[PDB]
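Below you will find one chain, with nothing else, as structure tokens; this is the form deposited in one PDB entry, and questions on how it binds or moves follow later.
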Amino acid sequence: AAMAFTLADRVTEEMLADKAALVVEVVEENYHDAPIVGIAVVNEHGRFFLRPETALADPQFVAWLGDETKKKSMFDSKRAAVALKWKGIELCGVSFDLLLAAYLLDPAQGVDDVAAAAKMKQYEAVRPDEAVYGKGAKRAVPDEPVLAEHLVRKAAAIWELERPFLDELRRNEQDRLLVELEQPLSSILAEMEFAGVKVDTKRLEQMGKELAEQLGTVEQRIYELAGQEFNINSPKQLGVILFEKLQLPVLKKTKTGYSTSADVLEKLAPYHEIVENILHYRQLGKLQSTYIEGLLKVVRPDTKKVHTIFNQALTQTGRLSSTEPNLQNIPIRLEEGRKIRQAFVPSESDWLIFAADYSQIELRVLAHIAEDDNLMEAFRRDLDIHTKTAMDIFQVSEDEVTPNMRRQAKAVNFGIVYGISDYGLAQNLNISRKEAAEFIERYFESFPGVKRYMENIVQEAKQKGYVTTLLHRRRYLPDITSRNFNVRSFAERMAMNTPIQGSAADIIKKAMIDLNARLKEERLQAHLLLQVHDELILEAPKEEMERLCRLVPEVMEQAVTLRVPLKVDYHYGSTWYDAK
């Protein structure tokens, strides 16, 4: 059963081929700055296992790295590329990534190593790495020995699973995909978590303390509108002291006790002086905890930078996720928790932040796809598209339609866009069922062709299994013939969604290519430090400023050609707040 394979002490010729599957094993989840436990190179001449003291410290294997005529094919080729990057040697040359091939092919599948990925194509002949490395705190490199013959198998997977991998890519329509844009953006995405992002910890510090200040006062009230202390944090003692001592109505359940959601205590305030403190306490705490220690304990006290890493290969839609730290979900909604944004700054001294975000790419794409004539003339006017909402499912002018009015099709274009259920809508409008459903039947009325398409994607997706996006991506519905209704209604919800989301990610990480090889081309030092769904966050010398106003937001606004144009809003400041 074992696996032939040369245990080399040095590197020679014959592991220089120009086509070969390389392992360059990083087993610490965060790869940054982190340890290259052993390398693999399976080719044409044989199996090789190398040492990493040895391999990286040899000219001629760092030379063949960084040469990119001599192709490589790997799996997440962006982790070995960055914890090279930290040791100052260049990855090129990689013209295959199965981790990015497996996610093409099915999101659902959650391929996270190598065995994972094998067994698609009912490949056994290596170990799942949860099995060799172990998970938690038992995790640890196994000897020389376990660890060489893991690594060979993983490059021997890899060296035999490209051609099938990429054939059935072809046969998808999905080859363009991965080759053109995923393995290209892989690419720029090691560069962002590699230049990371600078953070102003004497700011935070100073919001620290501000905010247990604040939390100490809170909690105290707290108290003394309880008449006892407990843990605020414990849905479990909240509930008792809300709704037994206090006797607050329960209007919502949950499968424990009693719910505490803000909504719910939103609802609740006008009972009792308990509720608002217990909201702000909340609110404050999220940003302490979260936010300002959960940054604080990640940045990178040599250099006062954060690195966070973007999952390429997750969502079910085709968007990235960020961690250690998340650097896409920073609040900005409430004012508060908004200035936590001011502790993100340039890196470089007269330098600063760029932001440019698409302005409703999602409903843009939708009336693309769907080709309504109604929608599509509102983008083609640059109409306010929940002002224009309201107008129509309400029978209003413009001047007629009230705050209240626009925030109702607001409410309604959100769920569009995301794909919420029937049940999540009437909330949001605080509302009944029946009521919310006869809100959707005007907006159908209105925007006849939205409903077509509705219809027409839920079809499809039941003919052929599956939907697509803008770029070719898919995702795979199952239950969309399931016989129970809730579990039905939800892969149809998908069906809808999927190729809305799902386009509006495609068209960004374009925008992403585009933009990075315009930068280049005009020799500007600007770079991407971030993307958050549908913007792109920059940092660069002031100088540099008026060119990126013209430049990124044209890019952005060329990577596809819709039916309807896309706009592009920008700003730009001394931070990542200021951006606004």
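Heads up, when I say rigid core I mean the largest set of C-alphas that superpose within 1.5 Å between the two forms. Residue numbers count along the first chain shown, from 1. Compared with the form deposited in another entry:
Once you line up the core between these two forms, the CA of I420 is the only one from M120, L279, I420, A269 that shifts by 2 Å or more.
Output the structure of the form deposited in another entry; the preceding block shows the form deposited in one PDB entry.
All you get below is the one chain by itself.
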């Protein structure tokens, strides 16, 4: 049966109570400079729907929106906050965000709309957004009658669900995680997204020019070596040319056919000259289509800025994700790709890019959580952890560690953090499973505390049904009891990795909140631009670099206190590339 509400033609005082469920609807997935199609408010006085032209033009309403003492409960308040920023309107006083609450209670649910969150509490008097708006090509805002009832039902749901969600969060000891970490961070991400990052489009276009020429050369060279033309981008056509036409050996298969992944090609390289060209082609083509053309597609023509959207409620570990564009995977490892960063510049004249990154935060977190004496001492001495690991597992002095030994000790450390497995390590190191197992065994002999932790955390995941992070984020692992070896092992690796990756996420998130409070107290113009898992990227006047050099690392290093120190490196320059 329909839900009662007032389809208001003008704003009234009772619509401005100091407590309400608020819905500021933005249907476009990318909410930057997007339309607000309707507004719903549910409070002690009733349910109301307001047309955006009316509400957002009303001084009383706008003032109410910006009054921190007028508390609002919402779902994805960041979306509304940013769409409002583009309209020059400030949203304050959001005390409860149902999206973030749902995400903390169970990130596996994949809650993406009010209906999904409401179902967690057997509340179903609200439709999924997709049912109301449609899929993609068929997506669209419905007529006012249907739209208004949908927004009211969502507001009503939020109004009703706040208490039960807060109660369960309290029981989980996650109440502060929502109120003191995720919600305040939400506002910071909103500012970051709205500010955006300036892009030197001319530079990108220059690079695209050079790429197009080089790509054309390697392309012809490839057909020349294949004795014909084909679509190199087709793992299907390619596999036929390599494994059938040229008779190259098949060392690995995908699931649908031949495997042409870079790791396998590298092994075929010594057989035919075409392999190196295909790898080079893969490289250039990746940069051209994803980082040159792809980036250019989302730069705002007017401001020449890209405005990413940080999905704060998606990952199973507590990390953020970045989209349109993804600014968390801009090339850096290989020089050619690294040059892409020269295109990310400060938004104002005489400003510089400042980047600060935690040094080995995951292994430092592991040292803290496992309380491994050897690992803790290593970081207390600020030793090169990979060289040290090599010394221990290979039983040699620092002078006897060869480049290859460190490389393998490094790979072992990656495995330990990801959830060790002989098969996985063997694959990565291109060695036998028995050999990989021997490495792992030697590792545990040198770091018995880590061995104890891995055994204990898996036992705990089984007993409790989930694992937690330093700040009480949690992840349920039902597969941990599966009788299927593969499924169970995947869950065991997650039990081992999540607390490490997740705790690192908690720490940097708190560093971001602490940093912003510090920047405000100091009245610095510096502001965050991006976060890339273990690093923070800022931009500021050149006159503020010396202050930032001391302030940023300190705040990041002091975000939390562990049994081992946290170490932060930093650099700054004219472009993101130069902030090295």
